[PDB]
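Here we start with a single chain on its own, the form deposited in one PDB entry, put down as structure tokens.
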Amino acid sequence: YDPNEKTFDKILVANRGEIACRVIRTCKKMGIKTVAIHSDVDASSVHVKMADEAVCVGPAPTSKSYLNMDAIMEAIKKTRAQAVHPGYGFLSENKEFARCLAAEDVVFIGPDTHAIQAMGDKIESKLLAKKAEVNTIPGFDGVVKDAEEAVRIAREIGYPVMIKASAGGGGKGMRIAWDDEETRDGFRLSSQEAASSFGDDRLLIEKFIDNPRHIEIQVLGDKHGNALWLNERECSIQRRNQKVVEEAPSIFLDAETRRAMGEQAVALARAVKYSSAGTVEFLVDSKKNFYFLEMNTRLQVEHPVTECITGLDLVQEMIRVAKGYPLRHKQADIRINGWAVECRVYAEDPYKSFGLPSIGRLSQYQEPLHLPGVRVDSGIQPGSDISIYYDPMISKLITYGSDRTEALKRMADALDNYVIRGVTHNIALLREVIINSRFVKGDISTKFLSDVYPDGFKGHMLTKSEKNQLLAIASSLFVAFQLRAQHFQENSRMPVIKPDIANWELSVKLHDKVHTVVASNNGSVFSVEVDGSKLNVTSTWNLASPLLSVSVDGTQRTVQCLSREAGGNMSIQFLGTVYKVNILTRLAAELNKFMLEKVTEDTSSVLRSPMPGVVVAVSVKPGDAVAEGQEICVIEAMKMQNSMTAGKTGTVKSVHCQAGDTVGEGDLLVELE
């Protein structure tokens, strides 16, 4: 961070959220004035108040605010900015924006137009890579135009077939059909899908690699003909073709394979004349054979995890290269230093399709910055909002250590000590994945989430000892609240006569089971008997702090109390998962068997929306009869479209959703018998 070297003086960040804050911090440390754009709903964002100056660019929708080239150009002209950093997403891989910026005067921090155009389509990329002597996926060049040609290709390429929609993509437009009938029907429906999405309708045929691993080599280049590969990354934990958990070094690769992959990536970068930061992605089979697949011509979302093991600052290198200075490192000087793990914290419900977007306003937000070896990249502060127009990503959590086990343990602790109140997040999934036996062993692949949970994510299955620990902690907390309720000030007119209860007998209801608990208090230590088992719980018993650290049988545990009500219901976050428990006194439990159950008039037959957003397409009309397994309507929200499934047979009495309507979460849509 030497400020003696001259660099730009005013940089405009044409993005929002975490990457905007990260770039602003990097420029602020390096001594460059900043400019931040925003929308009407982003007027109170973290990055807006973190940077000097601000320029509103339009309304809420992304089509008019962050994809509006004209507004960005007007803002750049007005603010007299000298350089622009697009970040990732939006106008970061759009060649028109780069062309316009290069045309007027402005320096665009990133690759030139030629590289973006070359690495833009899935056809020219493969030919260029093959010309660059880089291993590629077996297949047939040239867009398929008829089903007969597709199946003709299919015989020679092998029965497993991957048919892919050229251009667009970004996590959509892929299908794996192998049968000839499947081939033709997939061809037709993928053609119409491409027409609906982007309309080019060009399709390619290639061999489908089975049981793959996704390995990303980070490359860095300059304008003087130098290139470096900054080790590798292993990103195999995905749902909806998007990564959640990333690991800095690859436990599956040795030195020779790593060097081979790095040299091939550098050769490809030299072939395309790359002059910025980028990544090259490979698919690796079980036999340690790697095939080239895509090259991102921009900064990567999971970049910081490769900075921990290398010690470089990528955003600074990009800026220095954009100015024109050559690289100040050599390939021999890049080394692996420790181990690192990165997790992405989203605003989504992990119990529905491994994540379903949700909205809200944050009431409490605290990060575990005091824990050792923990780094947080967040664009969120208390009081922030989550809109239906942008990616629901909340934070990125990075941990580093001297080896895999230390990093994983620190990551688990940091996930335990992370406070979000106001929305629904996927911390339970992130914490339960990093303790899975297969993940710790190192045997993972792209479909890791699709076979560990065949029926879907249900939560953390707790064993007998952990169940006893949870019951003891809940009973101790309940008794602590009861004890705290009895402390009044002196009255001097009617003295308070404290009861002298020695043992508290409680009935604890969890899931569909009832346990008997006996609790005794001896100061700051609770002795708990759960069905014969004996445990001791000690803590400072601070009932106001969001985080509660206790010690059960010497083991240190961290729990959170999400909610509490006088009837006895409690919500406790424990080892990442939220458990709902009902605690009653034994006498009250005896008298609760005389209470009539409140009839609930909800047994299927309701198709209420599981997510908020805007419904655009409805496939049924009132008065029709539906069957099992077909979608009813599609709702688009937060860069995502979702269609609810079926499974019961009935007649649709009425439909409460039409095209273009706005629907909140849990609102009824389709009523049927």
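We call the rigid core whatever largest set of C-alpha positions still superposes within 1.5 Å between the two forms. Only residues modelled in both forms are compared. Positions refer to the first chain, counted from 1. Compared with the form deposited in another entry:
In a rigid core superposition between these two forms, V618 is the single residue of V57, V35, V46, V618 whose Cα is displaced by 2 Å or more. Remark: the rigid domain rotation between these two forms, smaller part against larger, is 58°, computed from C-alpha superpositions.
At a threshold of 2 Å in C-alpha displacement, with the core superposed and only residues shared by both forms counted, 602 to 673 is the one segment of at least 3 consecutive residues that shifts between these two forms.
Moving on from the form deposited in one PDB entry, kindly provide the form deposited in another entry as a structure.
No partner chains or extra molecules come along with it, only the chain itself.
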């Protein structure tokens, strides 16, 4: 960060989200004026406020706002933008975009067009890698065009076969087969889906390495040919072939393999004439054999984690390289300083398909920035709306420490002290992963989510001691609320006689079991008796703060009381997982034994439209059975869409709420059986 060094005066960020905030931060530190593009929806986003000035691009959709090169170029021309940073995604690898920039005067902060087109296509990337005398996955050179050719390739390369659609990415267009019949049917399905997804229709057979470790080498190149490999990183933890948990210092890999992979990456970068920052992904088998897989020609999403170990600012180096300065660092200077771990916080339900993109507006948002060794890359502020047009990103949480154990402990504490209210996040999945025995030991692969959780994510399985602690904390919170309810101010007309109850006898119904708890108070210390076990719970008992810290028998636990009702229901977050309990007094439970269960099947056979409007979406078809509270149709009125549902399991007799129908209020839409 040398102010004397005269780099570009103005930079335009051609991306949205946390990456825009990152670029704006490093530009403000390094001194460059920054102009930020934004759509109409994100007119109040974080990066707009962070930027010196902003220029709207247009409509909400990404294909029309950030993918519109003409709007980008007119924004550049109007504001006298000197440099541009595309971040990752959108026009990061756009050839015609960079052509227009080189046409007018505009410099591109990134690699040249030749490297972009060389590494864009997978087949030619593999061909160059073969020319680069680097280790590659076993496969047939060329594009498979017929099923017989595919099964023959399966013959020579072995039964483990993977079809990959050329170009594109994001865990799409890849099918795994093990048999010749599997080879051919995967081939025909891949050929069918390539046009729908990518349109290249070019298909590649490759050998599938068993339980690969997805290592990555960050590479920094300048215009003078100096290529540096900045350590490594591991991204084995994936779902839907997408990275979720990301470790900067690889634990499986050792110094010799690190040096070999770095040398190979530098050699290939020199072969491609890559004169910017990028990454090279490698797959390492059990026998420490690494095979090339793709080279990213953009700023990697998980760049920050290695920034914790190297101590370098990658974006600043990219800007300096774009200026033309030679690299100010040598191969010897870079070192592994500590340990760093990253978790990508998404707005998706981890209980369904390991993350289902959700939407909503954040009523509460607090990052755990006060905890030691915590960095939070986020483009989220309280009130931000999670839309369907954008990647459902929330943030990226990074912890650094002396060693792996300290970093994992700091990640656990940060995740426990992280407040998100308004959507469904995957914090529970992250915390449950980081405390797994296999992850701590280091025996991880690309199938960690699948093999560890074959049935899918189910939450934290709490043990007997943890169950006792949870019950004690819940009972103490209940008694604290009851005691706070008695602190009225003095009336002086009808004096209040505070009850002198000494012990509270409660029934707590966690999951399905019912536990008898006896609680007593002696000030700030609650003595709890759960099924024989005796515990002490102490805290400040601040009932209004979102985060409550309680010490139970010495062990310190941070919990959040998400929901509380007068009926006894309490939804409380413990160790990442949200548990539902029902605390009643003993007499209340004894009397509740008489209350009869209300069956909630309902009928809702004749369901009516809420308000008059056009039905945008129909989730049912005649002859299709529905469930209780199952979505029926989404109708817009005053361009406000409401998704009205059914009430009981019943086959649809007829859908009167077809798409485009302007059904009025209280009109028959779907008949149930």
